[PDB]
Amino acid sequence: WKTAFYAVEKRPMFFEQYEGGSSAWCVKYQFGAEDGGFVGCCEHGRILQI
Amino acid sequence: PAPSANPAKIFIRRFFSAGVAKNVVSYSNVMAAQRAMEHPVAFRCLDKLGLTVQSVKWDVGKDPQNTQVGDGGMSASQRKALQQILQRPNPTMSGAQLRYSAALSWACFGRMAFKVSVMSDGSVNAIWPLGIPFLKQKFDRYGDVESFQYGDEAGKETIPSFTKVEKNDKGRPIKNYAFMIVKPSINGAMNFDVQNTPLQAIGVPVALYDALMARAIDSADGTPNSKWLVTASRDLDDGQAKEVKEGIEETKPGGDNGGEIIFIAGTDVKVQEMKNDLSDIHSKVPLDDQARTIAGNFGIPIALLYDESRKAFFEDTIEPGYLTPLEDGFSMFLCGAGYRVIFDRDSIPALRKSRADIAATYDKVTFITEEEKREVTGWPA
Amino acid sequence: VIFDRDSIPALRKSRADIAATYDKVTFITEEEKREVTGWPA
Amino acid sequence: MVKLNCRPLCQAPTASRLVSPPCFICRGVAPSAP
Amino acid sequence: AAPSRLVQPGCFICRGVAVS
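From first to last, the protein sequence lines stand for chains h7, AB, AA, g and f7.
Those letters in the first sequence? Residues 415 to 464, by the deposited numbering.
Those letters in the second sequence? Residues 16 to 320, 334 to 409, by the deposited numbering.
Those letters in the third sequence? Residues 369 to 409, by the deposited numbering.
Those letters in the fourth sequence? Residues 1 to 34, by the deposited numbering.
Those letters in the fifth sequence? Residues 10 to 29, by the deposited numbering.
The shape of chain h7 in the complex, shown without the other chains:
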């Protein structure tokens, strides 16, 4: 797995008070994250079926 499939992370999970759309009586929070993944060389794995 260390070379058959890679995991991509760019920017971790984050929150922030969304200034704008938020008034003196109601808050609007906004969270986000940026990540992805792909296969490496797929001659390194194997699958069993029926």
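Take these hints with a grain of salt, some might be off.
[Said to hold, decoys possible] Taking CB as the label site, the calculated pair distances span:
| hint | chain 1 | residue 1 | chain 2 | residue 2 | range |
| --- | --- | --- | --- | --- | --- |
| 1 | g | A15 | h7 | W415 | 21 to 29 Å |
| 2 | AA | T389 | AB | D136 | 52 to 60 Å |
| 3 | f7 | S29 | g | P21 | 30 to 38 Å |
| 4 | f7 | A11 | h7 | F419 | 18 to 26 Å |
| 5 | h7 | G451 | AB | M46 | 22 to 30 Å |
| 6 | h7 | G451 | AB | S43 | 20 to 28 Å |
[Said to hold, decoys possible] With a cut-off of at most 25 Å between alpha-carbon atoms, the simulated DSS-like pairs for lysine-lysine come out as follows:
| hint | chain 1 | residue 1 | chain 2 | residue 2 |
| --- | --- | --- | --- | --- |
| 7 | AA | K392 | AB | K392 |
| 8 | AB | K339 | AA | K381 |
| 9 | h7 | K442 | g | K3 |
| 10 | h7 | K416 | AB | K153 |
| 11 | h7 | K424 | AB | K37 |
| 12 | AB | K77 | AB | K185 |
| 13 | AB | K198 | h7 | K424 |
| 14 | AB | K153 | AB | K182 |
| 15 | AB | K381 | AB | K72 |
| 16 | AB | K72 | AB | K130 |
| 17 | AB | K153 | AB | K37 |
| 18 | AB | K95 | AB | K153 |
| 19 | AB | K401 | AA | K381 |
| 20 | AB | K242 | AB | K285 |
| 21 | AB | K401 | AA | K392 |
| 22 | AB | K95 | AB | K24 |
[Claimed, not checked] If you want the ones that stay clear, here's a sample from chain g, every Cβ over 12 Å from chain f7, calculated:
| hint | residue |
| --- | --- |
| 23 | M1 |
| 24 | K3 |
| 25 | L4 |
| 26 | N5 |
| 27 | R7 |
| 28 | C10 |
| 29 | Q11 |
| 30 | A15 |
| 31 | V19 |
| 32 | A30 |
Just so you know, these hints were derived from the structure itself, not from any lab.
Beta carbons are placed, not taken as given, at the ideal position from N, Cα and C, and that holds for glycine.
Given chain h7, work out where chains AB, AA, g and f7 should sit, using these hints.
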């Protein structure tokens, strides 16, 4: 002592996420630092700054502000061994090369990292600098970094930080750790902040510089280097017009009738001499200005690229931008209180005359004891 | 909290000269000759 | 703006079977007959 | 890759006595 509760918890909440081993330098900055080593002026200032800091000589010594009578020179043998490594680091490298690479990485990224191999009793065994582009670190829950990851898949040495590591009964560590010396910036975020590098504010003029030099190298080859655009008239009998060409042509240096006049009987030919200025190909005026900007941003007097400017460059940017932070970083966690790493000022060849006269004039004063006359110009005791 | 002015590398020359000329003054006690250029006591 | 909220007064059970890998057979025995 | 089979040896015992 340590209360373990810093106000840096404002970022691990949501601005950051624990246990992720984030990289310390953005890849754009690494590429900018890599290509800045190929640029003529950017490399020149870089290797100058690296060279000067590399020249200073290290030593461990008693610190001046030694109010801690409970000296932290715990063994006086660890301090002896610490002197050994500062003069002879990890094999196949000297202390000079360590100073050069440390200052270079600090100038390029605003960061300094190292690795120690303390044997079992506070006696450091060797020092290794760490490649800053591909060094990743992971933070704790409260406010700080605990270990550094060095390598993607095979390299997985989660070398602990100096913060959490197996300490001796007095406080000295027993196993490896790293330093991660950082340069401060706005809005705090001691370790979560963005880097602070001159490379942050030199993107535009270097782009201007390479663009103009691209114009320069391009128009150098491509503009004809010929003169005397001669043109014939529209009744000239090719068979004798060629005689006109060979007549004009056979005047070159090392020609039979060269330097004599050209006589054309009838059918007036007209020559015009091309200017071919080619003396402003690189745009001299808007090129030195870009060179000055990428120089001033690194903190180097233009005159260097007279002795007054050299003394200024030594005691205004190099000293309080590379020498003081590196010295304070090592002094913070490499040895106990009361003792710290020092470098000799008199080892700088540009400051020798200044120190000399300062020493001479102080000698003339009388309402000052001898010991304070010493300490004001080095010379501890 | 105090920071020592003589730690400024550019200020060393003037402090050196200002101390030398003060040494030549005579109608002034030693203690005030000190405090005028640092050096508390 | 009403936002409803419902919680079945009564509940109910949930049964299921526990089929398990059978006493196996092997595909092809050497000493045999057509 | 196309799904390849995983044929294994069966119950192999004898080479010298055919069954009646």
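Within 21 to 29 Å: is that where the Cβ-Cβ distance between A15 (chain g) and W415 (chain h7) falls? Cβ of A15 (chain g) to Cβ of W415 (chain h7): about 39 Å, so the range 21 to 29 Å is violated.
Minimum Cβ separation between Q11 (chain g) and chain f7 greater than 12 Å? Given that every Cβ of chain f7 is farther than 12 Å from that of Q11 (chain g), nearest at about 45 Å, it holds.
Quick one, are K153 (chain AB) and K37 (chain AB) close enough, alpha carbons at most 25 Å? Roughly 6 Å between the alpha carbons, so the hint for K153 (chain AB) and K37 (chain AB) holds.
So is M1 (chain g) really clear of chain f7, every C-beta pair being over 12 Å apart? Given a closest Cβ separation of 54 Å, the condition holds.
25 Å limit on alpha-carbon distance, applied to hinted pair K242 (chain AB) and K285 (chain AB): Within the cut-off at roughly 13 Å; holds.
Hint check: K339 (chain AB) vs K381 (chain AA), CA-CA at most 25 Å. Holds or violated? Judged against 25 Å, a Cα distance of about 13 Å means the pair holds.
22 to 30 Å was suggested as the range; check whether the CB atoms of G451 (chain h7) and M46 (chain AB) agree with it. holds, 24 Å
Exclusion check [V19 (chain g) not at the chain f7 interface, CB over 12 Å]: holds, 24 Å
Has the given pair, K416 (chain h7) with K153 (chain AB), been kept, meaning a C-alpha gap of at most 25 Å? Roughly 20 Å separates the two Cα atoms, so the pair holds.
What's the verdict on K401 (chain AB) and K392 (chain AA), does the C-alpha distance respect the 25 Å limit or exceed it? Within the cut-off at roughly 18 Å; holds.
For the pair we were handed, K424 (chain h7) and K37 (chain AB), check the Cα-Cα distance against 25 Å. Given that 25 Å is the threshold and the Cα spacing comes to 9 Å, the pair holds.
Assess, step by step, whether the Cα of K401 (chain AB) is no farther than 25 Å from the Cα of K381 (chain AA), and give holds or violated. holds, 14 Å
In summary, the numbered hints that this structure violates are 1, 18, 22, 32.
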